Amino acid sequence: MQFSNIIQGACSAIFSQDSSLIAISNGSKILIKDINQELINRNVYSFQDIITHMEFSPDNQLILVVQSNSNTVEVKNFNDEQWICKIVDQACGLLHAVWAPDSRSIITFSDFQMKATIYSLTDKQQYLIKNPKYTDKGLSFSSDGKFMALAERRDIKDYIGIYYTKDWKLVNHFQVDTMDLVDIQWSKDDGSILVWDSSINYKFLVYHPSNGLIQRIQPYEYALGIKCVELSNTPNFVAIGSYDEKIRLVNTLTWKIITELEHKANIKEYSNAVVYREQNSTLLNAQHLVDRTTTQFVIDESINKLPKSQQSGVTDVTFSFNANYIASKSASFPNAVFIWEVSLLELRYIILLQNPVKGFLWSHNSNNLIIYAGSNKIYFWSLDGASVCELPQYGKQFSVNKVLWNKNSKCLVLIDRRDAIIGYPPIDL
Amino acid sequence: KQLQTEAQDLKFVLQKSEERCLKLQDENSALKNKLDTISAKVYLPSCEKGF
Amino acid sequence: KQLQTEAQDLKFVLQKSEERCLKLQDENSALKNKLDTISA
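Residue numbers (the deposited numbering), protein chains in the order written: chain BD, 1 to 307, 315 to 436; chain BK, 110 to 160; chain BR, 110 to 149.
Hints are computed from structural coordinates only; laboratory data are not their basis. Don't take every hint at face value.
What the hints assert, rightly or not - Straight line, CA to CA, 27 Å or less: simulated DSSO-like cross-link-like pairs of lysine-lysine: (1) BD/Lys86 to BD/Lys166; (2) BD/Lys130 to BK/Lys143; (3) BD/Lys315 to BD/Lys264; (4) BR/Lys110 to BK/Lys120; (5) BR/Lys132 to BK/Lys132; (6) BR/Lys141 to BK/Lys141; (7) BR/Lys132 to BK/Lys120; (8) BK/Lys125 to BD/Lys157; (9) BR/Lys120 to BK/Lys120; (10) BD/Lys130 to BD/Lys86; (11) BD/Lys414 to BD/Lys137; (12) BD/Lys157 to BR/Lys125; (13) BD/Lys169 to BD/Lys124; (14) BK/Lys143 to BR/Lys141; (15) BD/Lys29 to BD/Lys76; (16) BD/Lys169 to BD/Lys137; (17) BD/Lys157 to BD/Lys130; (18) BD/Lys130 to BR/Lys141; (19) BK/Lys125 to BR/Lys120; (20) BD/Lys86 to BK/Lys150; (21) BD/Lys188 to BD/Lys146; (22) BD/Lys315 to BR/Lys110.
Stated by the list, open to error - Among chain BK residues calculated to face chain BR with C-beta under 7 Å, some are: (23) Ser126; (24) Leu131; (25) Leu133.
Stated by the list, open to error - What the simulated footprint calls covered on chain BR by chain BK, stretch by stretch (three residues with Cβ under 8 Å from a Cβ of chain BK suffice, anywhere in the stretch; the number is not a length): (26) 121-128; (27) 134-148.
For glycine and all other residues, C-beta sits at the position ideal for the given N, C-alpha and C.
Next comes chain BD alone, as it looks inside the complex:
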């Protein structure tokens, strides 16, 4: 791993769309680093405030900063320190904000689901939102970014407002047959809006943006379901992470379930199972005084049994590059990672960790699922069997409780508390 000094104060971080910049957030400041030059700063912004949200615009020109109990939204140009904008329309609150892609605007969410006034950064044009249901959740953009679907609530009913993002007009409003919208996804080819209901009904409502329902992924009425969902970047396969340790993999071409991928418990019950574990070791050669007492990611096939609320449900369903694998895991396996292999539609490369898993990231253009667990180690489901990137003494105690991974999958961002490691892992590829 090629990397810089531990960044002090890095309470959180985000990386840019083009992966060239990393924004580090300290409680009162944002530091921007150009990773390609070196992992060094280009600029720093400070605020006499508490930053709760940080976002890069998808051109990596502006940083969106949302301040806490101050209801303040600041937008600053990295490349123009003379362009400073603030949204202080505070009587209604400025509870949150997100960037609106190429519209050069901020959707700023007022409190109490009142308004999500869109504030143009070129001309304000403050169109009202008819009682937005949420801030980030429930707000999504079409694959081409032209349409936006917002979960909204009035008439105490959930419905989706479809807005044309270029003028924010409501263009395709529709009622959804939901109990309580959780989120909204768009098809990769925008031939549908995939609507994710409350976990109570286990259902997905598939609507054509122009006509209402196309299809429904059947509810079971009385069980929790649809814990999480993701779309492949291959034509479009949606993997519905249910709450019953199953993924309903669906070909969105026909909206049919390409079986159920079940986590089970018994590794031996998957016809193609391969099981690995992180295990205690000594260091790689030629290591010296750096000490030992380390671990390595190894195969250990002998292992058969793998280790309401956050129990049972699929915690993740992430598709790999070209979606041959699904990085999943269920809440029932605090210490293990499931990798589903498709086209087999069978479980393979089951990984046990030394401690409970915190999350996963597939590398773009590859696999090598990045597995992190707050251990000062990056574990990978290396395609070539196994890999562990030990983190160094810089930050010897750094846990890595959160991980970001650049789309230009060269740069890794590891976050713990007021602390970040920015680097270039075993990425020769």
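Here the structure of chain BD is known, so what remains is to put chains BK and BR in place on it, guided by the hints.
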């Protein structure tokens, strides 16, 4: 027999919880209406006190 | 087993439903305090 009762009827209890959340959503809608209303006359001009 | 499973599936949904109600309850109290703050 009681498990048949546990099943019979929590579909109903789910329905009663739905009535309660609707009661609350309705009250919140009324309060939201009050917020929009109060804002229309209070902040439309009082926003100037602020700014 | 058949019944208990359903029964759980029902309890599982009920607790999530209750949570919807609770955020609406907390909404309701915060909404009232906002209005009072505005009037005063």
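When the hints from earlier in the document are held up against this structure, which numbers fail? 24
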